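> Residues per chain, in single letters:
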Amino acid sequence: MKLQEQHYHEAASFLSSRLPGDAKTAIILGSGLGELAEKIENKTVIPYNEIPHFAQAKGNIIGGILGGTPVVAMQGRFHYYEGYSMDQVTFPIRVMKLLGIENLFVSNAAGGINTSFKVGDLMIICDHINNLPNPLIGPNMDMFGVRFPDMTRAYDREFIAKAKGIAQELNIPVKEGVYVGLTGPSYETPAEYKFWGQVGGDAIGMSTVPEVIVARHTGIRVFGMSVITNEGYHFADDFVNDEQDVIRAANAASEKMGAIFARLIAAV
Amino acid sequence: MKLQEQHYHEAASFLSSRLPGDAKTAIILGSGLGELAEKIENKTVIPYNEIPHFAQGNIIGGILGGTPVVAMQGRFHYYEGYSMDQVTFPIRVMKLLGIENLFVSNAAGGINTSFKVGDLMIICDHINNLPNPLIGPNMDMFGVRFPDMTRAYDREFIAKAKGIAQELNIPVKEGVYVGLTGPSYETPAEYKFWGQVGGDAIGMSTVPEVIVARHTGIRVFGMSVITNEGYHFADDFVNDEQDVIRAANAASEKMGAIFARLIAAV
Amino acid sequence: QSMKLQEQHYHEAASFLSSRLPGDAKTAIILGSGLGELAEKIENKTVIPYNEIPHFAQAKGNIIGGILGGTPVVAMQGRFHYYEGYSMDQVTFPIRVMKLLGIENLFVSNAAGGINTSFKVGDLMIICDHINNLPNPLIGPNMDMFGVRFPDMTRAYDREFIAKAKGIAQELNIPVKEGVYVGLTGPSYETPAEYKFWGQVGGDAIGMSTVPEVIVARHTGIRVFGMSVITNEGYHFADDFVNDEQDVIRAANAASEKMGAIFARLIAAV
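Protein chains in written order, with the authors' numbering: chain A, 16 to 72, 78 to 288; chain C, 16 to 71, 79 to 288; chain B, 14 to 72, 78 to 288.
Don't take every hint at face value.
[Claimed, not checked] Where chain C lies over chain A, by a calculated footprint (3+ residues, C-beta under 8 Å):
hint, segment
1, 137-149
2, 155-165
3, 204-213
4, 232-246
If you are wondering where the hints come from, they were derived from the structure by calculation, not from laboratory data.
Quick reminder that beta carbons are idealized off the backbone N, C-alpha and C, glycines included.
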């Protein structure tokens with residue numbers, strides 16, 4: 016109760032004494048943003064293992085300038101499939117709030133479950149379906165937000181419009197769709213992929229949804245994109261999903277996805 | 016196992032010596048029943064915090087239109103951090119008191135376009151998307167390992183309720199309640215999904231109690247106040263707890279009238 | 014650290030079993046519903062009670083080694099269900115022990131409620147795919163000794179085994195169905211709305227087991243064959259219909275001869 020509040024304050028205080036303190040946007044460097052940390056100038060690098068109460072995982081907080089703009093980046097992320105509690109997965113988001121972060125940008129890798137979404141496509145996330153445990157289960161922390169937060173437009177529409185404009189300017193094709201969050205860590209069966217596609221999902225991944233719920237609970241505006249890293253449909257007789265193939269697609273998308281996120285930061 | 020049994024008995028004993036003892040119907044005073052407790056006569060009020068093993079709210083014993091009732095004022099939700107054992111503990115205590123019928127109301131978001139704000143929905147079935155409350159060693163004293171859920175919502179109660187509503191000139195809807203944990207409200211994609219697969223309203227309660235009631239052979243009647251519409255979202259629409267409560271409060275007179283008459287009819 | 018201790022537990026269970034079993038089995042069978050006559054068909058049995066095997070979940079249950087359908091086998095008589103309160107680690111622990119024994123193939127049966135109107139009480143369904151609605155058993159740090167962090171599940175139910183089983187069923191004149199198994203936790207049976215939902219999104223039968231073991235088997239490269247006995251129909255409910263564990267058991271028992279005949283012929287073919 017009071018201990019929980021204290022833990023948030025301790026992490027925030029530790030980071031606040033170290034970071035530039037001018038960032039208003041935080042970015043989770045998920046799949047597809049693998050080139051972005053290198054682009055941050057005048058880096059202050061703070062290992063996760065040094066920050067009070069951050070889950071034991078590299079993992080670094082990186083402060084600096086990206087796209088001409090102050091940023092805080094989360095290099096490394098905590099996934100529910102790794103055994104972290106939802107409190108651990110989402111702890112850094114509430115720390116960002118205490119630092120004065122107003123906006124959260126996030127990327128991830130996802131399997132396409134709508135046939136218009138192909139390997140290598142970059143999908144702006146317009147909505148999600150949560151099939152992981154809700155991270156807000158437990159006593160409400162009033163310091164962060166209300167008991168029953170609204171999720172009608174969890175993915176900020178103005179950020180979406182700006183990102184579409186940026187993609188057009190940069191001549192980068194983008195798709196837009198619904199992200200379905202599952203725990204994993206096994207990839208889905210064809211029956212599962214089909215089910216989620218049938219009920220309106222466009223891509224499926226194992227992250228992001230918990231952070232988005234927690235961000236929205238505390239009023240942070242969210243922009244998210246998925247790299248479509250694999251196609252969960254039209255399976256060849258010998259098709260196998262493979263982490264190295266997912267990473268191949270994530271790596272291949274990083275330049276262009278990174279260009280969008282880097283241009284978006286100054287626009288928000 | 017034997018300690019669990021003790022705990023149920025300890026809570027039941029505590030209430031047993033403090034309540035009249037003839038009540039056959041229990042009521043969870045959820046959203047839409049906010050005026051009913053006032054109408055209970057010859058009240059015995061027992062705070063939850065005094066009842067052995069109740070999660071850390080009142081039990082109200084009394085007479086509602088000539089009929090002895092036990093009412094639960096305040097309820098435990100999974101989104102609060104309670105275990106399912108804690109959420110549903112009072113239902114098993116009710117069974118030990120000789121309760122035969124459970125009446126329950128809740129607030130729910132409409133996910134079928136024929137369910138609108140202010141509508142009173144008789145629950146005819148549910149879809150459970152919370153953890154099943156019976157996971158764990160079966161409590162043989164309460165029921166069997168694999169309880170049937172074919173007609174979890176008693177058909178005779180539904181018929182009676184419909185007759186009562188017609189008589190009182192209160193329109194009612196009937197439909198499927200989908201239970202989710204919350205506590206955040208759903209996204210449009212989630213609302214659309216649950217509507218697509220046959221849900222009519224979505225809420226964050228009730229399902230665990232109904233599973234536990236049916237496990238021990240308690241007959242169930244449930245209604246939802248449709249407190250918000252999870253469809254056709256305006257560009258600036260936001261869900262808001264105070265607006266949900268507004269609809270619950272506005273529904274309380276008429277919903278309470280139905281429940282009060284049903285209590286007398288069973 | 015914690016990995017060390019977990020690896021040690023699997024090794025302890027496997028060492029205990031390997032000092033006692035014949036050691037020639039490549040196929041293990043979970044004796045679920047529909048296989049209630051199969052243990053008696055195993056010849057030259059070595060019976061090892063679960064309560065003697067290091068780290069097997071507490072309760078009867080036995081590992082049985084011997085010969086079935088002319089072929090070495092290890093059978094799991096008794097299984098652990100998530101609805102009983104076991105962790106997924108406990109539910110699936112025996113599967114990883116099988117891997118350490120050199121088991122390459124896992125055959126599994128279960129009971130399930132039909133949710134496609136083509137699937138009727140007493141039908142024998144070859145499982146061609148599943149939908150998992152129980153907690154994923156691999157959540158937690160990955161055990162590299164068993165498999166990779168993100169295992170593929172594209173053909174969790176081996177297509178070659180399915181083809182062999184269909185051929186066997188034809189030869190033996192036993193009709194079979196084929197379809198998608200939906201795994202739910204239970205332990206309460208589903209509501210009609212739930213049965214309808216799962217049917218709508220492509221499930222053919224619903225049960226409370228099997229999926230966790232299949233995920234863990236595939237994580238460690240074990241080839242899987244599964245069948246469900248359709249023990250009840252989760253559709254077209256009569257006004258007075260009730261699901262009943264006793265009716266499920268009767269149907270499972272009634273299917274056991276023909277289901278067992280398929281599994282016994284399949285073991286030599288794989």
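> Taking the hints in turn, state whether each one holds.
Now the hints, each set against the structure:
no., hint, in the structure
1, 137-149, "holds (count 3)"
2, 155-165, "holds (count 5)"
3, 204-213, "violated (count 0)"
4, 232-246, "holds (count 3)"
The structure does not agree with numbered hint 3 stated previously, though it agrees with all others.
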